[PDB]
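Peer 1: Modelling step: build the complete structure from the supplied sequences, incorporating the hints.
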Amino acid sequence: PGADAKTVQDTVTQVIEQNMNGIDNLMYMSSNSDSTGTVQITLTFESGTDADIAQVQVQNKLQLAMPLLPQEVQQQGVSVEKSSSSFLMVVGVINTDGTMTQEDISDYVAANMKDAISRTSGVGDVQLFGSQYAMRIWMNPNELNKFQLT
Amino acid sequence: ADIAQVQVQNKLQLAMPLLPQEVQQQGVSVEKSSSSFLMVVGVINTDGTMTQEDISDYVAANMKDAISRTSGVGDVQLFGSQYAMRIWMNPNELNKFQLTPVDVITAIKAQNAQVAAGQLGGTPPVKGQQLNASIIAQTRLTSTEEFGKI
Amino acid sequence: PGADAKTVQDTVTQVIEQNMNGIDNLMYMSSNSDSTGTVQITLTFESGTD
Amino acid sequence: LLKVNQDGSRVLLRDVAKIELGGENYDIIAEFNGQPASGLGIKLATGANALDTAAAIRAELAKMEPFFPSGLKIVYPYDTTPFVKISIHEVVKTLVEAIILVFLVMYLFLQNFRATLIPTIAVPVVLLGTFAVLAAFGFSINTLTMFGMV
Amino acid sequence: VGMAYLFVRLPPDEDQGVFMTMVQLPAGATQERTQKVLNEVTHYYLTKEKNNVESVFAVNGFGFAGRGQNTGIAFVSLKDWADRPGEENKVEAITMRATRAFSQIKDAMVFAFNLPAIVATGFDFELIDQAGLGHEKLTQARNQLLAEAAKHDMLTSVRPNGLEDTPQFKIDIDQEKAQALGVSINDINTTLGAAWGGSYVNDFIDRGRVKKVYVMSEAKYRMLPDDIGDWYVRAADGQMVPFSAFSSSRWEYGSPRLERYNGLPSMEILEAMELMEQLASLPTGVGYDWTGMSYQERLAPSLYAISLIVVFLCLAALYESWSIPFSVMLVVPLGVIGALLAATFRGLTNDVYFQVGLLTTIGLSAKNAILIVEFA
Amino acid sequence: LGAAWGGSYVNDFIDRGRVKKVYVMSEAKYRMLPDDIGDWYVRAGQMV
Amino acid sequence: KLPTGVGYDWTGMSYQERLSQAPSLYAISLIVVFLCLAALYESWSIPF
Amino acid sequence: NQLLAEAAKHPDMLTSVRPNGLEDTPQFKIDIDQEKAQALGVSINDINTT
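Protein chains in written order, with the numbering used here: chain A, 1 to 150; chain B, 1 to 150; chain C, 1 to 50; chain D, 1 to 150; chain E, 1 to 376; chain F, 1 to 48; chain G, 1 to 48; chain H, 1 to 50.
Don't read these hints as lab results, they were simulated from the structure.
Do not take every clue at face value.
Claimed, not checked - For the chain D half of the interface with chain B, some residues (derived, Cβ under 10 Å), not all of them:
#: 1; residue: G22
#: 2; residue: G23
#: 3; residue: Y26
#: 4; residue: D27
#: 5; residue: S70
Stated by the list, open to error - Listed next, the in silico BS3-like pairs over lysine-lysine satisfying Cα-Cα at most 27 Å (straight line):
#: 6; chain 1: B; residue 1: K149; chain 2: E; residue 2: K177
#: 7; chain 1: A; residue 1: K61; chain 2: F; residue 2: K20
#: 8; chain 1: E; residue 1: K170; chain 2: B; residue 2: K149
The beta carbon of each residue, even a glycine, is placed where N, CA and C say it ideally should be.
Peer 2: Dropping the structure here:
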């Protein structure tokens, strides 16, 4: 979080990507790194390889790189999924009455019905269109200057 | 061999917390192995321009990784080493200035960082926002002179 | 070592089981967090799973 | 509590900030026909079957629907499944029509009703045996197989 | 004779019942400058296409061409196929009428399209920086080949897949000034990072569920470069120090997305039979690499000539004449005109569906011929 | 002792677009005999 | 009739007992047996 | 506690419905005073690790 493309590439993408060697049945590899601060590395295996064994090998090579990533990447949590590419289906949750805003509905979905769908067999990746809650604290620079704090 | 490796791996991570220190720093690696080389690929320079280190660095930075990812190739071993930024201290030099290698390490680690520092215009924005730029704090050093000016 | 039920049950148990997604052939999940400081998560897979 | 003043005054965190239960990130928001909404972008694991995974999601969402707060319903925008069922169920129809047509077509050419009952029992037997052959060879029923049978 | 000419004149995307609409704005565009475009799109669909579109569900900030604050995407689901009769109410027409109705919007890139099934049928292309050049040398070589896209046909619209460079704010910190003032570089860095990017601290319990606790500066104080001057740092002696006392600032250019291919910096570039002359079109030290569909397709009659030779031997054994077989395999080009003519009358090209019914009918005309030339 | 006689990996740097390593280590002339142990002083403000 | 927000679920031994089909397994065994015997005796009503 | 002793009313269809789990027991709550600690000059980290 709070990192640009050059920082993200230098500190995460290359460090992860210099360890992806000696993986069976691999055709090519391609990665992105954008100013939101997110890395995305895709490794494409040949037609007819065993997907779960491919994931096991990729994970084995990744656990050699985790000690080298920054604490802020590790805390967030990296992930390795063998999902496809195109959305199988998208569900939506609206509020007919008009009691809740986007934040409330996103919190309800994330807190109560995102984990049970991610554990259903056959689901590789779940993208949530919104955000869950978090005790958010908004600092005030004038107050911090007034009380001699940081 | 795939099943053999899997059931060596998941038998190893029962005895991974017993290792004192090297549980981190890219330690325990489980991978299939042969014993003898398929092939050795030499690299020489006819016109006297490069030496041991220059040749081995070229083949470490520019063709090692591509070969390690070719189809059917297992464990590639290099007969040399990639470049590093070597710093040769001088005990009769830091004793005249009452310094220590700990001070050298700290100064280098503080003046050669990649710092991630947010962006201006970032969400959640205020009504009437027109900017979305990124902020660039300090970056890593790239050359011998920059390292010399620390 | 030291933690009770609540301390184990929300600094370890909830964190561990919020990361159990993307595992094939899973039937259900259960866990215990007892005052001796031990947590115990059990995953049951479909019959025939390797 | 942050700090204590000279006279004994106290500086609390609320004096210098603005605590609020917001989202983890604000980058992404969604709207469904104008009104606010959220949702899940379910992908599909490699090798999974797309029709009995959607059924599993739909049967999981039926389990957490009674406990929804007041007036919170789910809708199903983009969803690639019902087309598959309709198309397969489309090809099958034409196949069953063809048996009646031949039982009539041949009846038209041979006017005995007794003798027109043999091909009408011959064609379904081979049709049903083909499915069993596929279930022995490890295939599935799809657009290609149903068109191969028609 | 006629057949030959006919089988060289012919060259099935379903309506799937649903499609998407991708939006992307010039780099540096704020979130609501994108919400306005999304609102234009949803209003256009849910009014002008009132008879086809059932719901939209436009989501802002997400995109298949990466994430970001400018990008956006809008799903859209149509009414039942039996309720949208015609050729003008299919997806193949809705997502031409809309896309031709979406060049009106300025400073946007709005397309409505439809997916296939498996993996456009174009030529996906890469530009690997194999020497060690840098980003400008490749950016300079990316448009040098793009500008040489004159000529004329699978070429046409050939552009990049990344994002062009954007202004960035560089803030430069002087170590000697910081040390002289007594402030600590860790304090500088953590103040800047926490105030302008956010900082995950630890967890808290919210209705029995573990959630995060963030720290960030209120939006009012981190919007303009002039807001840098509101943030102070405690020095060692206990005094606040503004950032102007140990920093400069300047505006420079940087790139929003950086891409790599097989571990090397790259830039991707998204009648005919796939540009074979795309390769030889050359700067310092750059390479070529095809991927996706281009790499797959690259890497028919050989298995078709062996099927016509085995049927003659299969027939020869049946009849025992070494000339009788000829008759059986002489009505192969007779029952192949029915498909060709029909196909070259409606424009059905040469899909796997028409190429498989060919074989069915030349395998049934043989049935027809044999059961009589046997009796004969 | 470690950084003088064995070398220490400090962090990375960017060389021609590739991430390399950074090591500190003593010059070879002062890491050859046992007698060189008394060449290295460790700070207390005085060195010992 | 428990208070709102409280649900129930079967686990362990009762989970599989619910999810799966015994009469359908032998019902088809009866017709398969009948058909085999009708093929044997080359007649009907002999199986009965 | 409502579902138990609520189903017991049916001893002809259900027998020995037991809770299978430990019950609430006393615990020794101790709280450190942030205001008092800060004043005297003792840090919560050292209090906790003592």
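Peer 1: May I ask which of the numbered hints given earlier this structure violates, with the numbers listed in increasing order?
Peer 2: Number 5 - this is the single hint that the structure violates.
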